[PDB]
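Asker: Here is how the chains run, residue by residue.
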Amino acid sequence: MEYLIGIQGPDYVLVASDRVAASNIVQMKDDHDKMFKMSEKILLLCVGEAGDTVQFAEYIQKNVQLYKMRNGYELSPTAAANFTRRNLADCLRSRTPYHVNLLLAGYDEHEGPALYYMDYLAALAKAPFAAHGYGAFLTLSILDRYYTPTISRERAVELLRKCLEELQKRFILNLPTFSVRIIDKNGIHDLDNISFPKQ
Amino acid sequence: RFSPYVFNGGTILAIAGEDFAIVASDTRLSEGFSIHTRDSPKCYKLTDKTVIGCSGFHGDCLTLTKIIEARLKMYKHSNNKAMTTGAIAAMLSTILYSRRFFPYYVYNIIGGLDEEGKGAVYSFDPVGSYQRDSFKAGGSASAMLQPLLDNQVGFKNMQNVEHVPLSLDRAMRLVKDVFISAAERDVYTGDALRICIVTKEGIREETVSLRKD
Amino acid sequence: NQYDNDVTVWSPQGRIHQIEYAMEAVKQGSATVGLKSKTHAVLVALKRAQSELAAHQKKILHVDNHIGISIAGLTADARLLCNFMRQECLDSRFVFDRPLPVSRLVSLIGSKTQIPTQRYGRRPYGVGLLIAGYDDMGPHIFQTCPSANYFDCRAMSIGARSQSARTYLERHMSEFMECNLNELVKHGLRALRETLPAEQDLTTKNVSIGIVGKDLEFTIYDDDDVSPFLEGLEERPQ
Amino acid sequence: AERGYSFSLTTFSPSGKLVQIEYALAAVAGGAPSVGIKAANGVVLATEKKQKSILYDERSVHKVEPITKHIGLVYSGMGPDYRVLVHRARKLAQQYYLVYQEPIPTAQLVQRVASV
Amino acid sequence: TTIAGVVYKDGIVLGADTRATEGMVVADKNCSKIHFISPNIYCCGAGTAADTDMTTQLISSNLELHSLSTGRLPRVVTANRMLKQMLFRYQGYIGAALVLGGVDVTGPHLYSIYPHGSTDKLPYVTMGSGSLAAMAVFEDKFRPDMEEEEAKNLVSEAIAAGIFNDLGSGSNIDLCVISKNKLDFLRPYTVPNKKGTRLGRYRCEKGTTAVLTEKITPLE
Amino acid sequence: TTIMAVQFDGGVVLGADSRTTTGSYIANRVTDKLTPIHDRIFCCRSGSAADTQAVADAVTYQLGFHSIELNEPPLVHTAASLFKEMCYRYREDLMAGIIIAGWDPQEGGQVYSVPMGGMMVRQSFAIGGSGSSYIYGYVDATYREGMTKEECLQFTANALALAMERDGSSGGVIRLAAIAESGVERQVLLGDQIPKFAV
Amino acid sequence: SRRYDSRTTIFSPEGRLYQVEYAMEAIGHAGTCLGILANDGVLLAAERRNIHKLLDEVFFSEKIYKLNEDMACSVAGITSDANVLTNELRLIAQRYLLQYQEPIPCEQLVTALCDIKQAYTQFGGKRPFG
Amino acid sequence: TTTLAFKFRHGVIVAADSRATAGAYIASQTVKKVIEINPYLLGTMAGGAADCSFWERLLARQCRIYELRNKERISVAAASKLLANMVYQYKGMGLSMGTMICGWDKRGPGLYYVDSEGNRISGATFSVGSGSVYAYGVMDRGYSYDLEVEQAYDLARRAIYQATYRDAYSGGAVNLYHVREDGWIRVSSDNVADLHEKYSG
Amino acid sequence: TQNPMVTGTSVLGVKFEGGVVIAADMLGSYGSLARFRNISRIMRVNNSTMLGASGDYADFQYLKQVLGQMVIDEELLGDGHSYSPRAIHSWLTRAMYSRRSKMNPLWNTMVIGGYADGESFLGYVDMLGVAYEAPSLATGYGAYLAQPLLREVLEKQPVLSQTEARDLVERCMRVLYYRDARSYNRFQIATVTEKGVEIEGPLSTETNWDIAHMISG
Amino acid sequence: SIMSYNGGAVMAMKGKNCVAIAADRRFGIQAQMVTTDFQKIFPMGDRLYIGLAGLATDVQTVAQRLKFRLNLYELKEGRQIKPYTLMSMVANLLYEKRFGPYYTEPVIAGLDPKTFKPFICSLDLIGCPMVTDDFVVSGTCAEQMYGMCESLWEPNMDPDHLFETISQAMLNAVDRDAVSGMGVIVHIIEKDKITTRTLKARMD
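Protein chains in written order, with our numbering: chain A, 1 to 199; chain B, 1001 to 1213; chain C, 2001 to 2238; chain D, 3001 to 3116; chain E, 4001 to 4220; chain F, 5001 to 5199; chain G, 6001 to 6130; chain H, 7001 to 7201; chain I, 8001 to 8217; chain J, 9001 to 9204.
Check each hint, because a few of them may be wrong.
Using 30 Å as the maximum straight-line C-alpha spacing, the simulated DSS-like pairs for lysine-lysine come out as follows [to be verified]:
id, chain 1, residue 1, chain 2, residue 2
1, E, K4152, E, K4182
2, A, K68, J, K9067
3, B, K1156, H, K7198
4, C, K2205, C, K2112
5, E, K4029, J, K9082
6, C, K2112, B, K1076
7, A, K198, A, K162
8, J, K9117, E, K4206
9, I, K8064, B, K1066
10, C, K2214, B, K1076
11, H, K7081, A, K62
12, C, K2214, B, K1073
13, J, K9076, E, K4206
14, A, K126, J, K9193
15, A, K29, H, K7091
16, D, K3038, J, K9114
17, B, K1156, H, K7032
18, B, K1073, I, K8102
19, J, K9067, G, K6117
20, J, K9193, J, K9117
21, E, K4029, J, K9114
22, D, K3038, J, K9082
23, H, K7198, A, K62
24, D, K3069, J, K9117
25, D, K3038, D, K3091
26, J, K9076, D, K3038
27, D, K3017, G, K6117
28, C, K2058, B, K1076
29, J, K9076, G, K6066
30, G, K6066, D, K3049
31, H, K7081, H, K7071
No lab work stands behind these hints: they were computed from the structure.
Put together the whole structure using the sequences plus the hints.
Answerer: Right under this line is the structure:
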């Protein structure tokens, strides 16, 4: 399985995923991006079942962009986070269950940054930092060690290098690169890809 | 508990000449280990230049014949012509695919003259896919018959030979042989044999006798 | 005048206006004759053109391999009742492996055109049929109306100026039983030639013949298949 | 058989009135007199019973019905329309009592009967 | 659960225990197993606790609505059909098992209703886990027609054999006496056993345990 | 359980036994399995106790409605055909051995067997239930065409008495019912009135 | 049938909707009801249209409904119709709360009602909400 | 069943074997594997034969409706997202369908891979089918973005030839296709027996 | 119908010159127990067709209502048509075939012999919608016991006489009664000629057990 | 079951004019702990708390779909909800999903707005009401807390003794369960005020 990780600073949210789309033993793609801008200040990282993520990201992204245009003022992250959970919980008991795992990271103007965690059962819960996939087990220990509530964007990428350098050493999957983004009061800026030279 | 199929044997075969289309099948309809009846052609004339051969589960042959033989008329009233072979082959594919989640169990060999006036044969699987071929056998002895046509009609794995087209005389005597040789080794082929020749003058039917064992 | 806006109202006199009217839609249609023998039934129809540069609308519609019809009324309604019959005769091949016998086909048209003359705000089908079929009782003709009645005939005509034909057919109804095939069609044409104005005649570009027999699945003749029947035809002098 | 009409028969007039309700209030004012008096520990609902011979059995019908252990009705106007509302009320009360296991408050019952 | 019923000359005596278990752990030590249907038709429920509660209330409402309309007492027959045909339309996934007694304008009746919709009209019934223990005590000491006080004594003494000799049954015995003129719904009626008293004070006070936050919030 | 119906000239003689097993515990030891469907048509319910009760009620509902619309005493063959329609439509859910037999004002006494499948067939004497197995000989040797009402009420007693000694799901009291043009003469055999064959 | 149809959802020759226009005049008879905005809150004033010596008051207000925790509204016109619209509002505003888990924005609550008031004037052939 | 497709500077190369089996038995050795959707989209066909023929053909109907309404050819990007949604409604019904939409767009050459399981990923190299693993190897050692159009025809043959040679459910003729900017051109139809005598010596 | 309950066994049929002749034993068996000793597994469909059912007896009675009412409905019109044997036979194919697509089949096998237009006709219908005409038939366990004797004779000469057939079918019932566990002693012969459909009542079969003394010696 | 998949504890306890409801805080996906603070106690008006333990999804649906019925009842009617009804109201909501149930088991603590009578109760995952006067528990450590409270309780306690008891009763029952712990919060409700203290538990 793949790999997401978010770290909620005191004025920004730092999210990173891997960039692999594997089917069988081979990697089809290596620049495959899992972030879905839902607004100016809301990222929804999906992952999990092959088909469900792409359907269930388009479906949320297209009701959050509706809601911005009908009214005029984009959703909060607290709103959008509960809006996802609802949809994902109502498809839990029907013909077609969306087996996805999510991270919704966003930065509100009045309530600051927020980073939400979604089990595929649709159990929402705010956190200060979370991870998905099997790589979760290796890095959630490294975040606990070094993560404090006040931590500058510089020290955070340095903390995220440790987590993604662990995965290189102990983990058994290939995961060469990681897209990194960061949300704050200005919007979504892409940082440089943490990458690992195997050439 | 209940099994909605049974395998009723039957072997179907078809060669596309250059102005003629053979479609030839045994008639033995058998279930299990009994022989239900000895005559029951697997060949139904559709148009004036199109035979179709169903073989497999005989409950579905009957349905799939009456369905095609209806959507054949239905087409004629709306378009005021008869269908070409090239069309029936496409149409039959959709019908078959319509039941993709409880499929027909019918191997279909359509043979007739398309527009130019040439032999054409189309091979279907159960769920409805088809290419155009120059000869296909199907059914039970499909694995007996397919290599003796690759050789005589396809000249495959030979060298230093002619390639003069397939004669209407060498075909029929070819068919009659390969069926006499599948009736020795396969237990679902026997009793009789309808050869349908389809020239531009209509459709003849020739009956030959196989071994009743 | 208030009893004319629905099939649903009766009139004090004991009729229904909306059903009477519908039948005027039939008398606007183009003349057509049907007679039988004891081996053949024939539909002879006088097509019509609405311009000089224009073809003629088809009066004879092929139904099955032993049933023809000849419409007269709204054509959009005639192809709504033709698709339903085509569908009734593909239901019989497919279940009983036989041709649907005509008497039991005209009884389904009868059950389906009855319905909308008794429901609110639906109309009657504005088309009259002549049904030439041949099964295990020899030949038949059947006239259908928008009222939903029908009749077994020995030789009927509908459409415009059809009355002129009905008399010609009623003086010769004795001779029909003994005709060969080509002699019958002559009668039909000579009857259909009494429905025209006196100034013009039957040509090959506005006559349509439909023949069904004991050994002959229902066919249709147009243009130059009609010439072997106009040639040889008597002259009609005034 | 039928489908049913779909278009309301109560319609606004140029006045700004719903003429049908205005008339149905005049039927109300033809009906048998009924008085109501809240006390300070009880409510009294009294009504002029209907009869016009000595043949009627004045105990086979009731213009004072019980809706619940703690509710009552009388009415003024058409007698058939009263047996319909008494019967939709008694069911409202039973859906309410089936979900909260509690007798339906009287403010509630009137607010629902009214919406029928 | 053991529930039991008996017909004596005047009316009915329905007996229930009061222990209701969620598995092998006693969840409730007082559990009303005797449900009011109408003013003259009480009903005992064994089997799935959550099924009888919502089955009986549903009948009670179709039956207190059916009493206003006739304007007289509802019959025990009517509760016996509604229960029977509601349970049979759920093919037996509603796991209620009922003892529907009541005194009529036609004598007292008593019914068993089983999950699948089988109804049996007897003069004394037992349902539930220990039921068989009960049915032993009836099959020994039942006489048709007996005093008002022989029935109360008999039915408690049957719930008693249920209680001591079966698990899932225990604590108080509830009786219900229905008669054509009274209705003595007793709860309890016997305390066959009660837990003893603690031998010390094992609790403490004044800051036993640590805190980390204290937020006080006043109201009006 | 064992049920039995015999046909003599005036009418019919039904016979059942009372015992509803539920495994090896007996639930009700005095059950009434001779259910009146009308005034002179009885059914004998066997097989699943809850299924038959539903069906019986449903046929009474239709049959009584049906006799008032004709103003005629319904036929036995009618109340048969209604069990037939019922048990055949729902031959998946149910499992109901019925034995309709009654006296008709225009065909005599009749007995119709309706076994598990929803078949229907008229019979001189029928016999059903789980203990019926054990008395097909005794009932095939001892029955002779033509009897009196007093040779039948003793015949079924003997039959159902054998079927209770051997079957485990039969016991208790015997209930007979003679149905004639006269009326219905229900009686109960218990204790010593039950014939005995011990040896 | 067609004779007894009012045709309440159909244009005038002039370019109006007569039923919606009459419904206005029915509102010109209800009790006066005014509202004033401030910087430090906002207030509704309405006059009791029905007053009498026997009439009682049981409810905090006879014209002000609470639609939410944060919103109230006052009605004017046909009182019967007002018991319907105020019940859909409450249900709308909870259905908003059940998704986004916030209190519903002021503007949206209104438009969401005005889709229901507007539907009735355009198809179905019911009389509009007055 | 081995199809491969790789996007380079002068367009897209679609390559396909053609042996199609019915078990251990070989049904036909000529089954077209590349589907002429339009004259400017190529599909492939690598899961079930029925299923890729039926849906790709149904896509061709959609993309010819789309053409008439909007008055502009449909994007390759767009025609892959249309084929994803049709098939995502049968998720878990048991289809197989490994298709690749290739074409030329307003944003240049593009190439998508659509699956039965709801995958829709553009890329630059793909292989789908029984042999796909054998192709990725030989293809990824000789692949560049910048090739000449004569080297790329050879690389594709060589990479299908090497897949049929190891794999059992691969063989027959090697069909080769070239999506150029105006429309695709059927490059050649070779045979594995003839490519065996060109590459051995 | 997932499981058959009461079930008859085997139906012989054989053509001859101017008629067809059906046989079938009168036993309906419910497991091993031979439970309903006098059921009729011959139906008369109008006056030129007949119908022998093997298989689940309750499902056979459910055709007997449908065919009944479906035949009455042709004779009400009295328009001079009927249902041929060739038709009634088709119509049952569709009957089974459709019940076989709801995964809810009629569990009968059926021989439907008739005589119309100087021509005999003898169809067969499986619970799967298999169907076909032959000159001899045998459903169930007669497919392996009577079939070879009926087919041995129709190789020699394909024509039979009214006297050759009714002897040939009374000599194949003897084979079932010996070697089939669900057969009975009383069977019915039904015949169509152009005089109609004549159904002979219960006929016995005389068997010899002369080989019951050769088991030792 | 699958109510173990997340774990959870709740516990109510009657005083003599007060009631205290206590819960653990730990949202964990099997063994792996995700977040240390995940509320299982919700306000349902004042002096009325519903505690939902079990499957963390339904914990959140049932507190949202129960707020939607409650609010739509405190508006439509002016009264404020009674603690006996909030039991019957949440019984019906579970039983509405009879087949394919929710996987929570409500615990309701609270005082009667019109007096201050204390009132607690639990429910089964299908919606059976169980009114007690001692204490009610639900969770995966149910059997741990039954034993612990049966001998640590008194028939009458003041607001200071209650919070002593339930505290030292939760800490020891939830520490003997794998998938619970890591922070206990306790509301305790008087007529006057609602005090809410968090206990210092073992973060392992």
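Asker: Against the structure, test the hints numbered earlier, and report the numbers of the ones violated in rising order.
Answerer: 4, 13, 23 and 30
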